[PDB]
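Q: Read off the chains here:
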Amino acid sequence: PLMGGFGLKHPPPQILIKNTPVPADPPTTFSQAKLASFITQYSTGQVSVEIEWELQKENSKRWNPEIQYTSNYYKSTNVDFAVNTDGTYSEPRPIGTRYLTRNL
Amino acid sequence: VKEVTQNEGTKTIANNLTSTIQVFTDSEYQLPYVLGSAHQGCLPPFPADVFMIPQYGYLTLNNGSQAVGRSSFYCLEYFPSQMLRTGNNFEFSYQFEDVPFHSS
Numbered sequence: 635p636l637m638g639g640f641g642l643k644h645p646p647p648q649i650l651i652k653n654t655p656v657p658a659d660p661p662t663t664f665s666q667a668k669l670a671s672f673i674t675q676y677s678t679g680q681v682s683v684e685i686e687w688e689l690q691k692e693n694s695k696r697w698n699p700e701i702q703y704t705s706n707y708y709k710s711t712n713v714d715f716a717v718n719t720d721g722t723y724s725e726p727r728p729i730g731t732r733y734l735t736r737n738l
Numbered sequence: 323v324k325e326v327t328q329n330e331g332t333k334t335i336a337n338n339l340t341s342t343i344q345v346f347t348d349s350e351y352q353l354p355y356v357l358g359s360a361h362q363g364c365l366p367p368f369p370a371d372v373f374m375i376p377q378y379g380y381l382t383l384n385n386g387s388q389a390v391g392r393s394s395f396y397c398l399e400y401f402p403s404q405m406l407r408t409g410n411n412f413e414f415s416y417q418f419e420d421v422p423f424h425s426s
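These protein sequence lines map, in sequence, to chains I and A.
According to PDB author numbering, the residues represented by the first sequence are 635 to 738, in order.
According to PDB author numbering, the residues represented by the second sequence are 323 to 426, in order.
You may find that some hints are simply not true.
[What the hints assert, rightly or not] Straight-line alpha carbon distances no greater than 25 angstroms define the calculated DMTMM-like cross-link-like pairs of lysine to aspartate or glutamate that follow:
1. I:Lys-643 / I:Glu-684
2. I:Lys-652 / I:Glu-684
3. I:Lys-695 / A:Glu-399
4. I:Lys-691 / A:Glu-419
5. I:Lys-709 / I:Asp-720
6. I:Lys-691 / A:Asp-371
7. I:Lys-691 / A:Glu-413
8. I:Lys-709 / I:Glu-725
9. I:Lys-691 / A:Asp-348
10. A:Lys-333 / A:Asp-371
11. I:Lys-643 / I:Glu-688
12. A:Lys-324 / A:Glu-419
13. I:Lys-695 / A:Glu-325
14. I:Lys-643 / I:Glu-686
15. A:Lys-324 / A:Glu-413
16. I:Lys-695 / A:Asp-371
17. I:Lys-695 / A:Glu-413
18. A:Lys-324 / A:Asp-371
[What the hints assert, rightly or not] Facing chain I, according to a computed beta carbon distance under 7 angstroms, are these residues of chain A, among others:
19. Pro-354
20. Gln-388
21. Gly-391
22. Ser-394
23. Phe-395
24. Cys-397
For the record, the hints were derived by calculation from the structure and aren't laboratory data.
Just so you know, even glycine gets a beta-carbon here, dropped at the ideal spot from N, CA and C.
Model the full structure from these sequences, guided by the hints.
A: Right, dumping it as structure tokens:
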């Protein structure tokens, strides 16, 4: 994929969910028209997704230290990757996946 | 292994029986792989020639002459290597992965 990712011929199936329609009271005389009146309704619940990942461990003879991803040492008004005073979670920066080096 | 020493203008060469040499193969390909650039120093075509062994070096990421943060340094003494005196010998065997025939 050009956005980056894992191209999959059979990706994880997409899960579809819908509230079953519940009709409001029909008339007492029969009518062929479909029922256009429903009870206003919504649903809530919990969802768990669990992915097992396989890792390729870094094995390298490089003598000097690697570059690592580290948080800023200096003081700040609020912590990065944490809620603010109002309770809003924010992500300060995009975090790329490549800090390690290999030989080309 | 031979020691050579200079006295005034005369040169003299003598066996050093207790000295060693260090030999290792990089089986795991953890070093910059410097073969395949068509450098000199291969075994001579004609078997009666004696050849000098070329010096090993490698290049790393640069900006101008200066080094960047991803530049790697490799200490070769940091691999395991076999040490051989004058009675010792060295051997290893390698098997090529399946590769298509060169079409001649």
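Q: Determine for every hint whether it applies to the structure shown.
A: Okay, the hints, checked on the actual structure:
The straight-line distance between the Cα atoms of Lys-643 of chain I and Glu-684 of chain I is roughly 21 angstroms, inside the 25 angstroms bound, and the hint therefore holds. For the suggested pair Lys-652 of chain I and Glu-684 of chain I, the alpha carbons sit about 23 angstroms apart, so the restraint of at most 25 angstroms is met. For the hint pairing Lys-695 of chain I with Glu-399 of chain A, the CA-to-CA distance comes to about 11 angstroms; that is within 25 angstroms, so the pair holds. Simply put, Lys-691 of chain I and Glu-419 of chain A have alpha-carbon atoms about 23 angstroms apart, close enough for the 25 angstroms limit, and the pair holds.
Distance check on the hinted pair: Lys-709 of chain I and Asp-720 of chain I sit about 20 angstroms apart at the alpha-carbon level, within 25 angstroms; holds. Our distance criterion of 25 angstroms between C-alpha atoms is broken by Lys-691 of chain I and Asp-371 of chain A, whose separation comes to about 45 angstroms. Our distance criterion of 25 angstroms between C-alpha atoms is broken by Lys-691 of chain I and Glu-413 of chain A, whose separation comes to about 30 angstroms. As the CA atoms of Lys-709 of chain I and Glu-725 of chain I are separated by approximately 17 angstroms, the hinted pair is consistent with the 25 angstroms bound.
For a cut-off of 25 angstroms, the pair hint linking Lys-691 of chain I to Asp-348 of chain A stands: about 19 angstroms separates their Cα positions. For the proposed pair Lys-333 of chain A and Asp-371 of chain A, the alpha carbon gap of about 24 angstroms is at most 25 angstroms, so the pair holds. Restraint check for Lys-643 of chain I and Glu-688 of chain I: satisfied, since their Cα atoms lie roughly 19 angstroms apart, inside the 25 angstroms limit. For the hint linking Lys-324 of chain A to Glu-419 of chain A, the alpha-carbon distance of about 39 angstroms lies beyond 25 angstroms, and the restraint is violated.
The suggested pairing of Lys-695 of chain I with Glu-325 of chain A is violated, with an alpha-carbon distance near 32 angstroms, which exceeds 25 angstroms. Of the pairs offered as hints, the one joining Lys-643 of chain I and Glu-686 of chain I holds, with about 19 angstroms between alpha carbons and a cut-off of 25 angstroms not exceeded. Straight-line distance between C-alpha atoms of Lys-324 of chain A and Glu-413 of chain A comes to about 22 angstroms, which keeps the hinted pair within the 25 angstroms bound. Restraint check: the Cα-Cα separation between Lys-695 of chain I and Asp-371 of chain A comes to about 36 angstroms, which exceeds 25 angstroms; the hinted pair is violated.
Between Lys-695 of chain I and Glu-413 of chain A the CA atoms are separated by roughly 23 angstroms; this keeps the pair inside 25 angstroms, and the hint holds. Pair hint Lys-324 of chain A plus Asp-371 of chain A holds up; C-alpha atoms about 20 angstroms apart against a cutoff of 25 angstroms. Checking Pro-354 of chain A against chain I by beta carbon gives a least distance of about 5 angstroms; that is within 7 angstroms, so the hint holds. About 15 angstroms separates the beta-carbon of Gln-388 of chain A from the nearest beta-carbon of chain I, more than 7 angstroms, and the hint is not met.
With a cut of 7 angstroms, the hint placing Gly-391 of chain A at the interface with chain I holds, because the nearest CB-to-CB distance is about 5 angstroms. At about 5 angstroms, the closest approach between the beta carbon of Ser-394 of chain A and any beta carbon in chain I falls short of 7 angstroms, and the interface hint on this residue holds. For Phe-395 of chain A, the shortest C-beta to C-beta distance to chain I is roughly 5 angstroms, which falls under 7 angstroms, so the interface hint holds. The criterion of a C-beta within 7 angstroms of any C-beta in chain I is met by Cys-397 of chain A, whose closest approach is roughly 5 angstroms, and the hint holds.
Violation of the numbered hints given earlier is confined to hints 6, 7, 12, 13, 16, 20; the remaining hints are satisfied by the structure.
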